[PDB]
Amino acid sequence: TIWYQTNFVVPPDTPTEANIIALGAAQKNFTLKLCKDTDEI
Amino acid sequence: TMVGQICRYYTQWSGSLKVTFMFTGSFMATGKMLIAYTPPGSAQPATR
Amino acid sequence: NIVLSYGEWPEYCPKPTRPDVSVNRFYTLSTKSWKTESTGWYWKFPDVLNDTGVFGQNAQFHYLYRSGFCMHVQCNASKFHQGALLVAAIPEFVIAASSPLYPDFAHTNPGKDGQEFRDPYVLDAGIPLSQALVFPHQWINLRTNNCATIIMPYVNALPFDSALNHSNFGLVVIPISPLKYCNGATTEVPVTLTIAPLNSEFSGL
Amino acid sequence: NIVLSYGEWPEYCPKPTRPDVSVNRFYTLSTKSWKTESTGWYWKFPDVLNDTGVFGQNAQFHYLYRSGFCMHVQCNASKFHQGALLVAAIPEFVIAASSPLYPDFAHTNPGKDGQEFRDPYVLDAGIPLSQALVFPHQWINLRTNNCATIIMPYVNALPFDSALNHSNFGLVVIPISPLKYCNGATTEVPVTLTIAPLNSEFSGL
Amino acid sequence: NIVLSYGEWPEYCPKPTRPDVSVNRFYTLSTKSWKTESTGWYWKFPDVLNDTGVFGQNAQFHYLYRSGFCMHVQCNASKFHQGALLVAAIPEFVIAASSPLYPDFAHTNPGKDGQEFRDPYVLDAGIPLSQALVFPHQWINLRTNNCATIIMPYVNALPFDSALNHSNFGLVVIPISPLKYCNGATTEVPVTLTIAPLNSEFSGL
Amino acid sequence: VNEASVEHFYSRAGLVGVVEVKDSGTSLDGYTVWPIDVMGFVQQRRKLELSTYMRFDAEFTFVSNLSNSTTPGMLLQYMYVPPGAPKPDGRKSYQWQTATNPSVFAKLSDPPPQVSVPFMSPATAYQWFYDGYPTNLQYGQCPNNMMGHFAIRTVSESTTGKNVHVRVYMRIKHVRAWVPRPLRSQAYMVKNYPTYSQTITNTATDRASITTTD
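Note that the protein sequences, when read in sequence, are chains A, B, C, D, E and F.
For the record, in the first sequence the residue sitting at position 28 is 39 according to our numbering, with numbers rising by one throughout.
For the record, in the second sequence the residue sitting at position 1 is -4 according to our numbering, with numbers rising by one throughout.
For the record, in the third sequence the residue sitting at position 119 is 1152 according to our numbering, with numbers rising by one throughout.
For the record, in the fourth sequence the residue sitting at position 44 is 1077 according to our numbering, with numbers rising by one throughout.
For the record, in the fifth sequence the residue sitting at position 193 is 1226 according to our numbering, with numbers rising by one throughout.
For the record, in the sixth sequence the residue sitting at position 87 is 111 according to our numbering, with numbers rising by one throughout.
One or more of the hints may lead you astray.
Said to hold, decoys possible - Computed cross-link-like contacts, PhoX-like style, restricted to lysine-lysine with a CA-CA straight-line distance of at most 20 Å:
no.	chain 1	residue 1	chain 2	residue 2
1	B	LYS27	C	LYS1065
2	E	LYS1048	A	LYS39
3	C	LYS1112	D	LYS1112
4	A	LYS39	B	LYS13
5	C	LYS1068	B	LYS27
6	C	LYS1112	B	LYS27
No lab work stands behind these hints: they were computed from the structure.
Given only the sequences and the hints, what does the whole structure look like? Please build it.
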């Protein structure tokens, strides 16, 4: 979860809303097993 | 994601994951976000 | 950069249990908003941690303890704001009542949300503010540094004492020079606080 | 700071002529203006250099060539603008048509002036954008860095191939997080590009 | 004197926390009264410790654990009483229902107060009692020894598993030869139990 | 440079309190009990609150005489009731003897008695500021600072006609001070509490403008 700790503070003449993007990835020890065909299509 | 797709091709997986954030706002802006993670056996927190 | 209170590092006192582990983590108290009209705040811990976390689970169920604190106060404001704060940790902080008779218990132990001064000039302890620099202090000056950090060891007559009665000391944040900002800027500059108890001990479950 | 595509430096392939000399100079393409409404651009070279300079004089009159590219994209904006770009070089980039049937030739080889995406979300190749990071990429984030640089070697099945048919790869600039600026600031943030072919070769005059 | 179950000592499995300290203390469950008519008891821990002590504070708030148990059963009776008990720790103990359809949840996890057998002859698992000696067991024979002690290591397929679902094993006390006493003697012979978890671990707060 | 030391700064002996027996006139009781209060005078109080924790041995003297400043020989019993022992009920009460209550028998004609009290507190030092409750009258009260009551009486047997004034001086030896505290600007209201008046008094005396000097 992502919580607001404090208010979002900006000096004058600045856009008031930002946008955050996220990036997922797997670490080194990630492993897979037992091949199966998928439903995506 | 990518790992999201090619984990649809395997029944079982395992291992740690990594999640990275960027901030697009203007150079002047300032603030604090509290990013909190909950272990899998519990409901999401009520308040910070 | 860092002010060791009274030139010492907190330490153990050579069976009291040493929790270590998860009471050494930072705690982030709610963020107070410093307005242009606002005046002062104070906390007076060991109080603030009595409810929160695993710490409060130790301090409520133990009859005696020893502890020391590392507290870190930082203030996020853009460069178009001015104003300055004074941050000081004043040991054995005993407040008073105004008269036209004792301070209500809400004023003696505020809790995690702090309290507002009625009269910041005299600290509402009766002593002048001009001299309050005699205690360990740090200047937060919004054109220079945004952070102030203090390490306060365990100062008290007895080796141990209980958390629910004697509040070892207190902490003040006073906006000595008020905040002004030109029109359109964000109206409130937030103040946050972080405390990480050091070398704690407990006894008498 | 610099992303070598696929961890290699372009190199010769040990009579093809090596021009060196004046085809190693930078070329500065026209400056695209990135608005708040604007979406995407792409180029797909060897195309872009077919008309320009002495390079186009080599690529039009030779039946075969080998080449590699160093491309540099930078974006000038003051500190009161926000927004971010994604810059990626996607080899063998084949576009598609929407249906309510093939892409018009103006969309296949735009030329030195690039082209606008019809559907940036799917890249207009059908593949999602969320995964397009699998290609060599760099983030231009207007609060941090204004420049992105890539070196892409020669990737293709045959050792040599002609410039007028097979376009070795393509390049995309997608404003993933749109641009916003407070009133009065300059309305358009310019984007420029620079390419300097490396280790080129030609044969079959 | 002591029966190591399956000839092993429980041990750690080389970040899970090792509580040690105060979860290594004995716990004394309530004292069951063995009458002349009474038949059987069983417990099935990790259950019995879920409410009690600091242990239950670990097992309820952790998603996984590993543990091993040392259990000690003793029976105080004067020398004018006869009768004998069988004490056995039967791993993976799954009970059943009689028919003229599943066992009620009060019969699956009794809690700290144990439960009475409906049919001790078949153990109410369907298997005969005559063969139940195949599990680690000890004879409490009121003319010889009044105490029985068992150490049961951690036996389960997975390395770790949760305390609120899989109950690693169970324990039975069956008065195989009934109690008789001449008139005037105390009517009930008390049975008590003591468990001291060994080498516990916990993870996933 | 030797008159700035904390040891010299608290040195000199001073008047802690004035007590009177007055057994002659409308009040015939014939004794008095004087709980030791170092804070007695607001001047001595403001120099002590400079430091928060301090550890010191005390030394006393009793200068006594009649209402004429005339000192005829007549006997007095100065008793020291240590902290935690019962006080005398009346001039003949059996507490006046006991054993454990140290006493000083001195005629008026003699030069003044003098005596040395050790450090009585359980804690390693006194506390002039104790936050928190001892267990709202209670807030900020040190139970552990009581030094004893110095009960006095005149042995002569029944109803002398002479009211006897007596003064009590204290001086602080071997003093050691800990964490310093800023001096008090506001006036005092009551004895045991910091409480200060509503209307605030400025610290500096005002002048005409930010500019003019003298």
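Index of numbered hints that the structure contradicts, given in increasing order: none
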